[PDB]
Amino acid sequence: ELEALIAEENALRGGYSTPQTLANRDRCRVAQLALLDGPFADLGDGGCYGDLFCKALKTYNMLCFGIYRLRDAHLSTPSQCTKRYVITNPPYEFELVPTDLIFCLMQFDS
Amino acid sequence: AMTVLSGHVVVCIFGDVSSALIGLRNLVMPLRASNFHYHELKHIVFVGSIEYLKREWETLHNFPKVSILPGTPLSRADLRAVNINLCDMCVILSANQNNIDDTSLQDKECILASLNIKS
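Chains as they are written, first to last, in our numbering: chain A, 138 to 247; chain B, 4 to 122.
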């Protein structure tokens, strides 16, 4: 429908807010969450990815689908590199470190 | 859109400032012949680039009912403004034929305009 409107007018047309359009606002968005101080901080220190996924899905209806992990995290020696790489769909028994980011699809909240 | 046009002629032109002239007067003189009455004359609305149409206006400014809508024939808003559903005839003409090297692709804009209007 938006495609047809853009085809018709070659622009974006504003409009007043109606309950149908406000209900159309509720979607899911891509986000990254840290385990340093969030509600899942007690699980990021050695916990498995499966418990995090189950808790996020049951409580906040949050769909975790990947880990953004520091490159120099498996090394025992400390490092100053802040680069992170992507792990797509880790298994249930995949371990977690506190310096990790979680990809998620978060619901709209009002 | 404010004025109402019914039973008129809409000439869509794919012109350009550097394009070759096509001599639009040869289209207006048969439609402006003295054999017709003044009330029987059909209004002519040219839809296209104004840069091209300024180079042709020196031979069209002596005719009674001619109007210009600066725009693009492929835009549906311009076609809806001139009441394309009420016109007696829509004529699609192309002026950028020499630029295209391939001869079979010289009719892309006219075919696209025809399909856009038909839909």
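Warning: the hint list may mix true and false statements.
To be verified - Some chain B residues well away from chain A (every beta-carbon gap over 12 Å; in silico):
| id | residue |
| --- | --- |
| 1 | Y41 |
| 2 | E54 |
| 3 | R58 |
| 4 | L77 |
| 5 | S78 |
| 6 | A80 |
| 7 | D91 |
| 8 | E112 |
| 9 | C113 |
| 10 | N119 |
Said to hold, decoys possible - Pair ranges (Cβ atoms, derived):
| id | chain 1 | residue 1 | chain 2 | residue 2 | range |
| --- | --- | --- | --- | --- | --- |
| 11 | A | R166 | B | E61 | 57 to 63 Å |
| 12 | A | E138 | B | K57 | 38 to 44 Å |
| 13 | A | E145 | B | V7 | 36 to 42 Å |
Said to hold, decoys possible - Some chain B residues well away from chain A (every beta-carbon gap over 10 Å; in silico):
| id | residue |
| --- | --- |
| 14 | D19 |
| 15 | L24 |
| 16 | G26 |
| 17 | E43 |
| 18 | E59 |
| 19 | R79 |
| 20 | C93 |
| 21 | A98 |
| 22 | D105 |
| 23 | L115 |
Don't read these hints as lab results, they were simulated from the structure.
Where is the CB? At the ideal position from N, CA and C, for every residue including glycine.
When the hints from earlier in the document are held up against this structure, which numbers fail? 4, 5, 6, 10, 13, 19
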